[PDB]
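Listed here are the chains, written in short residue letters.
There are 4 protein chains.
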Amino acid sequence: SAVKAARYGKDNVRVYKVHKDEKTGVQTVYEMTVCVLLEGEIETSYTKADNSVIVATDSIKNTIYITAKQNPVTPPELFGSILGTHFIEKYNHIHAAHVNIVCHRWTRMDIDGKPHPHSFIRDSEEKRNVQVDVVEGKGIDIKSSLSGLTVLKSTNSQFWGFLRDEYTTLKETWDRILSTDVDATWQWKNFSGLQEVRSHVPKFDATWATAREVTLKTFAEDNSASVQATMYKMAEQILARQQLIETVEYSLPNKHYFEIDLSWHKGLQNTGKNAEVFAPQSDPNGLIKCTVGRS
Amino acid sequence: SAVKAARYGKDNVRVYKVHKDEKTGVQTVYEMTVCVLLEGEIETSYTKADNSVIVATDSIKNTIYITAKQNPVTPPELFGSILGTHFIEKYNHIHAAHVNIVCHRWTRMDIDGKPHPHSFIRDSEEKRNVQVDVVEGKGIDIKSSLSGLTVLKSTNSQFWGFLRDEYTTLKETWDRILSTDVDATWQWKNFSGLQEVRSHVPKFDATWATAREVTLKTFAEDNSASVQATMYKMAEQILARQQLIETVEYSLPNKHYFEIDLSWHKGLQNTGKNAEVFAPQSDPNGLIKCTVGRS
Amino acid sequence: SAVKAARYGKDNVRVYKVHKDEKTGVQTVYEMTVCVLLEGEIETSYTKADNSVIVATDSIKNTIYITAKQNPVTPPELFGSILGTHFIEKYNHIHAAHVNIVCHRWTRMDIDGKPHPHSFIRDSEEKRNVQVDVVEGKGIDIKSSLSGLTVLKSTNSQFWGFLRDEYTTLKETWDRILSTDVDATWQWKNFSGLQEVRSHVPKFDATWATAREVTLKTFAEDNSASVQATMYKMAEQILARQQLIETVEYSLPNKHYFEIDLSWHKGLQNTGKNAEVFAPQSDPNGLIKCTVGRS
Amino acid sequence: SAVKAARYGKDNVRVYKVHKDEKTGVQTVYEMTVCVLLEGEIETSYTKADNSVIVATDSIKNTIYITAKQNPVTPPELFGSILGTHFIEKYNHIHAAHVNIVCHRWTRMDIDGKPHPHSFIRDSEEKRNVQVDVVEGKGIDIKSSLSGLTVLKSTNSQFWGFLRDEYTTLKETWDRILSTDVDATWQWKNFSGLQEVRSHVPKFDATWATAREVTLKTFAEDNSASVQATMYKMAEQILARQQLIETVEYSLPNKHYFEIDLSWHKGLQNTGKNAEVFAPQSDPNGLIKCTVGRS
Ligand SMILES: O=c1[nH]c(=O)c2nn[nH]c2[nH]1
Ligand SMILES: O=c1[nH]c(=O)c2nn[nH]c2[nH]1
Ligand SMILES: O=c1[nH]c(=O)c2nn[nH]c2[nH]1
Ligand SMILES: O=c1[nH]c(=O)c2nn[nH]c2[nH]1
Ligand SMILES: O=c1[nH]c(=O)c2nn[nH]c2[nH]1
Ligand SMILES: O=c1[nH]c(=O)c2nn[nH]c2[nH]1
Ligand SMILES: O=c1[nH]c(=O)c2nn[nH]c2[nH]1
Ligand SMILES: O=c1[nH]c(=O)c2nn[nH]c2[nH]1
Ligand SMILES: [Ar]
Ligand SMILES: [Ar]
Ligand SMILES: [Ar]
Ligand SMILES: [Ar]
Ligand SMILES: [Ar]
Ligand SMILES: [Ar]
Ligand SMILES: [Ar]
Ligand SMILES: [Ar]
Ligand code: NA
Ligand code: NA
Ligand code: NA
Ligand code: NA
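Chains A, B, B' and A' are the protein sequences, given in the same order. A prime marks a further copy of an entry chain.
Under PDB author numbering, the first residue of the first sequence is numbered 1, with each subsequent residue one higher.
Under PDB author numbering, the first residue of the second sequence is numbered 1, with each subsequent residue one higher.
Under PDB author numbering, the first residue of the third sequence is numbered 1, with each subsequent residue one higher.
Under PDB author numbering, the first residue of the fourth sequence is numbered 1, with each subsequent residue one higher.
Treat the hints loosely; a few may be bogus.
Note that identical chains are pooled: a pair holds if it fits in a single copy or bridges any two copies.
Okay, derived cross-link-like pairs now, PhoX-like style, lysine-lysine, Cα gap no bigger than 20 Å in a straight line [as the list claims (entries may be wrong)]:
{"hint": "1", "residue 1": "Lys48", "residue 2": "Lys266"}
{"hint": "2", "residue 1": "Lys289", "residue 2": "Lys233"}
{"hint": "3", "residue 1": "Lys4", "residue 2": "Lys266"}
{"hint": "4", "residue 1": "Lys69", "residue 2": "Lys217"}
{"hint": "5", "residue 1": "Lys114", "residue 2": "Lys217"}
{"hint": "6", "residue 1": "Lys266", "residue 2": "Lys217"}
{"hint": "7", "residue 1": "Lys23", "residue 2": "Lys143"}
{"hint": "8", "residue 1": "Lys17", "residue 2": "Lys273"}
{"hint": "9", "residue 1": "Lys127", "residue 2": "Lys143"}
{"hint": "10", "residue 1": "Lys266", "residue 2": "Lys114"}
{"hint": "11", "residue 1": "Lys233", "residue 2": "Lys171"}
{"hint": "12", "residue 1": "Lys203", "residue 2": "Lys23"}
{"hint": "13", "residue 1": "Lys138", "residue 2": "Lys48"}
{"hint": "14", "residue 1": "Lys233", "residue 2": "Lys4"}
{"hint": "15", "residue 1": "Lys138", "residue 2": "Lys127"}
{"hint": "16", "residue 1": "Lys266", "residue 2": "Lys90"}
{"hint": "17", "residue 1": "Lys48", "residue 2": "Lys20"}
{"hint": "18", "residue 1": "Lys289", "residue 2": "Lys48"}
{"hint": "19", "residue 1": "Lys273", "residue 2": "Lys23"}
Keep in mind that the hints were calculated from the coordinates and are not lab data.
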């Protein structure tokens, strides 16, 4: 036997940083959950009980907190890149650092019309995420995402003209509910290293905000033929609005809202055009995935 | 042995309802999770396998969807009173209906600063809840709540002057993070019946909104001496502003954000006034409860 | 406005304790999650920002770990009584201690049919719980429970003879799947104090085990007329077998397994006696409660 | 823009099947949760709103239930292979079927020493899983796994001789707790198709049981130098005991149990050799991964 692949590190590292403006007295908060996994010349830690090649997961945890102290935590693309670079540079035998970040929402409260200087609400479980793979002499590969964006539209969704055979029961429809939890990833062009990441810093927040606007606007306005057709329109406009994106990936669940036949009870009419009351289905769900790139 | 208490019914009944304005074409969506438990002459269903006294959990489920077809699902104080009253009136041998409702957020999307007619977003897992006990001959007891309202403030929270003995390690502080998930319940004056609930329907939405505003404002603005002192301020404001409330109850966790000492590392300074990066604590957590009434 | 009720303390305190037999070298592990809330002369901590009456949640946390160092953590009825009694005795102005404990399973591994001295497995998320209310001058109220015991039987469950009206669709059945997650509580006779709890310590483990055996056996063997009729049989057995119990309480969901009609497909037969493949239903679920006492 | 990758299907399909022995009256239950995602000539469903290339997710759901009716659901390697083959054969334009299965535990109850014919307990949340990728003219790729196997050992775990620098605080130790949730995957040699899968059916259950025995026994007996060293020993013996396995992958969290310094309180001694009471850490956690193959 031999080790073909190995990586280890600290998962589920919860971090908070506050910026306090001395000038304005205005405070700003950042909260995230970090995972750092390292690869390199570490096989003997598995094969020969040789811990001398291990940067302890505890020290990795320490390093996440120290990097946050000494560097920006935003945009998360940058923080991830700084943190992964530290590890391949500090340690000769470490050749890759995989950094995953979930950003939690802390939105400034508006109190009596006025933005508050140090109060915040979690206005969604919606996350902003990054996966930063820092690979010595191969560069930095960044995937940026939003996840847990939960949306529903009460009409202007259709599903008909699908294949029918001896396995098919689904009624064609021209008016239905469509609800999803959006997971959307944009894969950046390979970066040569930390310098190139720093060179594109302003694109990260701007690209995330645009991904979010295009998702919300397309969903709200498209008379959806299908989840497939609508998610594709989303990816195309995102690609068009950022040349540094190579691919856009949507993973979208179809969270069914079933019509309820109540006609067995006093001939109550609650289907097709009379559909008022529905049974949200917890499971199963449709799951539709698509990766879109440039021709 | 004898039955001292019994109740049975259907839990976790997912309901959606849409209103479609014919003139405007504006659609409005409502989603909730319902539980109904019945009491009454049912002893023998337990003691003697006499199913003749059971309204089947399935039928209670059917009745929830039918009631929603025939009645407004908002405010949930009303919907819950209607549904409870149905069972004790319909069935001679049923004497009490316990109706629990969790309302899920579907906030109308603004697209290009214009409110969309039929697209919605879940802005937070914040719930509005009701517990409605309809008891034949005693009337209707309604508790209304907001839960899962998650907030943080970065400063203007303190905790000093607490008891100190051989069990105390906690340092006094004049500046700390305060974070919580708000559980806030208002217990209404008993209602004589459905009619009286109906007659007060304009109070339910208004009281829930002022409950929310008072929670958000007081938390934002109070230079908190303690969770205890800040939550008492909220309760007494809500009481002062709605005379049909008998009691207000806060249940608030203290979601700790621990300072990190980094002085062991290159003399890095990250405590007291230098405190920038914190470790949010998943567990344990302070739990602070208070029921406030009229003197 | 005035405070009608208050309690505060630390929730979600994870504790592990190991016993190491010096002679044998057999180790035994205990893991639990603890919550302690105190009442007493604390009103002013809420009304007047008088922290002088607060035993800090942090100190309550420290006291939990210290009590565990100095005392046995089993049975949890005892541990909870010790911990509660500490607070009302230590502090003049504290008059009640509410102690909630969840015990996690660490079952000793058998390796080659030999019980291992220091290796353990979590066999199920089944918990043993206690709720211990220590009230100065009134004594100690203990509720003991098992929860998260998940069971299914494929036959020897029925449900026919239930009420039928314009709200009923459910077909009568003489053969069905019954599945549940058992929540079962036994309420002990009030105790005068810690001494009396101590004097009964051999009853706590034995009653929990016979509670478990009676649940498992009765469920396995009863040709169930209903959840109602089967859960009443369990309660009355446990009562008959422990005279210091005042009441037994089951809370049982009916986790439905729906027949699937496949006759639309190549005349496939999968209902009544042919019923082979079912669709387990996540929601909704029957919820059936019963408190049984002595006549 | 163009579609570079696409797959769609039904996730979270809950299935139950019962075998009833006419001879012995003995019943046996199987429960699982299935996901099927298809690829093929389906790009126009995304680019041209062309649903005519879509086997509806609803029909996929129907097909899962019908396959379960007409075929064995065990071993899950086989069921997955039958179900994925159906889709690439039935539909000319479908070229791959990705099938994921979680198997839930239903263990026969022992009542009074005797195995019960139709009663079952969920004796762990431990799962058995498969990923079956059926790719037209490339064959069948099976990954088998157990997950959610939670274990703890109170001693016979070590961690010393790790790298120390300006980032290191972790104390070396020669006696510590080690707890994990085991996720273990064995990747089978590529199969030419369904026929070859059927040819190896007896290896699937036998290989899973051996993976589980080797995990439990190695964990219990190894005086662990590290998670790395111990998980490697597990993979080697698994590879040695099944030639049809190409690789073994462990993903193991290190679920820290922290010592508690209580010496500040009456000089209480609870560290090193006096360590009795510990604080289980919810987060962060070490995460150690390794893929082992043949030299
Ligand atoms: O078993 C261990 N492996 C590691 O890599 C590690 N790092 N800190 N503690 C650890 N324990
Ligand atoms: O009532 C139903 N509505 C649906 O939309 C559906 N889809 N599959 N089965 C279904 N049943
Ligand atoms: O056991 C049962 N009890 C009930 O009250 C019930 N109602 N529907 N199905 C049921 N099954
Ligand atoms: O770092 C810490 N911060 C705190 O607020 C605290 N309270 N107890 N222990 C603590 N440690
Ligand atoms: O606001 C607080 N209230 C308390 O009771 C407490 N105890 N420790 N920290 C605390 N903070
Ligand atoms: O398929 C079903 N099985 C059931 O047991 C049931 N009860 N109500 N509706 C049902 N549908
Ligand atoms: O939008 C949809 N896409 C699908 O592929 C599908 N299948 N059933 N319903 C569906 N809805
Ligand atoms: O008290 C501690 N024990 C540990 O094992 C540890 N590891 N990192 N920090 C730690 N603190
Ligand atoms: Ar942060
Ligand atoms: Ar969509
Ligand atoms: Ar609703
Ligand atoms: Ar507060
Ligand atoms: Ar414990
Ligand atoms: Ar039962
Ligand atoms: Ar199954
Ligand atoms: Ar291990
Ligand atoms: Na390096
Ligand atoms: Na009645
Ligand atoms: Na006292
Ligand atoms: Na094909």
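State the violated hints by number, sorted upward, taking the hints as numbered earlier in the document.
Failing hints, ascending: 1, 3, 4, 6, 7, 10, 11, 12, 13, 15, 17.
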